[PDB]
Amino acid sequence: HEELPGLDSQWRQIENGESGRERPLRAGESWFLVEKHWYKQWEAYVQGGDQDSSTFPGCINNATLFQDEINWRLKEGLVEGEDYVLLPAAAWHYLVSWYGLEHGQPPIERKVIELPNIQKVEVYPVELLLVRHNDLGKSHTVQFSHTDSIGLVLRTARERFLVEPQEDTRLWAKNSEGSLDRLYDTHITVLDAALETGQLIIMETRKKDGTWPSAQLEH
Amino acid sequence: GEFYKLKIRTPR
Numbered sequence: 013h014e015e016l017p018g019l020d021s022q023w024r025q026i027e028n029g030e031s032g033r034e035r036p037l038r039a040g041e042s043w044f045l046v047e048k049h050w051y052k053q054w055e056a057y058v059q060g061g062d063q064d065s066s067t068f069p070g071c072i073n074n075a076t077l078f079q080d081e082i083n084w085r086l087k088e089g090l091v092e093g094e095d096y097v098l099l100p101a102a103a104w105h106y107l108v109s110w111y112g113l114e115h116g117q118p119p120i121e122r123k124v125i126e127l128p129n130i131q132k133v134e135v136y137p138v139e140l141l142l143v144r145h146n147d148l149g150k151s152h153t154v155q156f157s158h159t160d161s162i163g164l165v166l167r168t169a170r171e172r173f174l175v176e177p178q179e180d181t182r183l184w185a186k187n188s189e190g191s192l193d194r195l196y197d198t199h200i201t202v203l204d205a206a207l208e209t210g211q212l213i214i215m216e217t218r219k220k221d222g223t224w225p226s227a228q229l230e231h
Numbered sequence: 002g003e004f005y006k007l008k009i010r011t012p013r
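As given, the protein sequences belong to chains Y and U, one line each in that order. Numbering-wise, this note's numbering comes out as the position in the first sequence, counting from 1, plus 12. Numbering-wise, this note's numbering comes out as the position in the second sequence, counting from 1, plus 1.
In the SDA-like style, the derived pairs of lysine to any residue whose C-alpha atoms are separated by at most 25 Å in a straight line are:
no.: 1; chain 1: U; residue 1: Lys6; chain 2: Y; residue 2: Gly149
no.: 2; chain 1: U; residue 1: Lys8; chain 2: Y; residue 2: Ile200
no.: 3; chain 1: Y; residue 1: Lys220; chain 2: U; residue 2: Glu3
no.: 4; chain 1: U; residue 1: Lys6; chain 2: Y; residue 2: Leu212
no.: 5; chain 1: Y; residue 1: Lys132; chain 2: Y; residue 2: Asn74
no.: 6; chain 1: U; residue 1: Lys8; chain 2: Y; residue 2: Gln211
no.: 7; chain 1: U; residue 1: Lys8; chain 2: Y; residue 2: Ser191
no.: 8; chain 1: U; residue 1: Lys8; chain 2: Y; residue 2: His152
no.: 9; chain 1: U; residue 1: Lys8; chain 2: Y; residue 2: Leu141
no.: 10; chain 1: U; residue 1: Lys8; chain 2: Y; residue 2: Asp180
no.: 11; chain 1: Y; residue 1: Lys219; chain 2: U; residue 2: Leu7
no.: 12; chain 1: U; residue 1: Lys6; chain 2: Y; residue 2: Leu141
A few chain Y residues that face chain U, going by a derived Cβ cut-off under 10 Å, partial list only:
no.: 13; residue: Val143
no.: 14; residue: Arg144
no.: 15; residue: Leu148
no.: 16; residue: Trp184
no.: 17; residue: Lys186
no.: 18; residue: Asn187
no.: 19; residue: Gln228
no.: 20; residue: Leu229
no.: 21; residue: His231
Everything labelled a hint here was simulated from the structure, so no lab data went into it. Here a beta-carbon is modelled for each residue, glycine too, at the ideal position from N, C-alpha and C.
Chain Y extracted, bound-state conformation:
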């Protein structure tokens, strides 16, 4: 924990367009969520003209962003500029150096992704439940980005279920009506396929006689 810079120095370091809050979003970079009340208190302090002021914000504490302090899952539905402010890694690490981070609490680090016309911090990636067709209850939950391909989902299901190289496998998604949609195209993304957290993704394996299990299902 480094000596606190002067107020104007902190403002510039944390806000500037090179290394601070105004830095453009670039795919792959890390950004961190800061609970908005803390950041506004820091802003009032550094704009307040009194380095000794009681408006000093104290340790960063993102407690209100988490569902609980057991698994530290982010609350759903958080809104940038209302619940939290985004800072790039350099600015987050400076703020932690200066003010500290609440003891025992993990940072909230998220990555920029590239969408067709925009870059965005992916605050909420997609957790998919991967299962074999023969046992829909034995799942492995795996996090994927919205920009990952369906092919990566399938390769991941094959790895997690120890599918052998010569076995043939293909994916299905269980939809909200309770039926199955075939994921024919491995080149499209998780976003293109409209997959959602908690969704069941079924890896079907071709039988050794060359027929597929799904031939037996009502179409």
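Given the structure of chain Y, go ahead and fit chain U onto it with the hints provided.
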């Protein structure tokens, strides 16, 4: 057996 009871939504 659950998979075999599920319906396949024919694509458009």
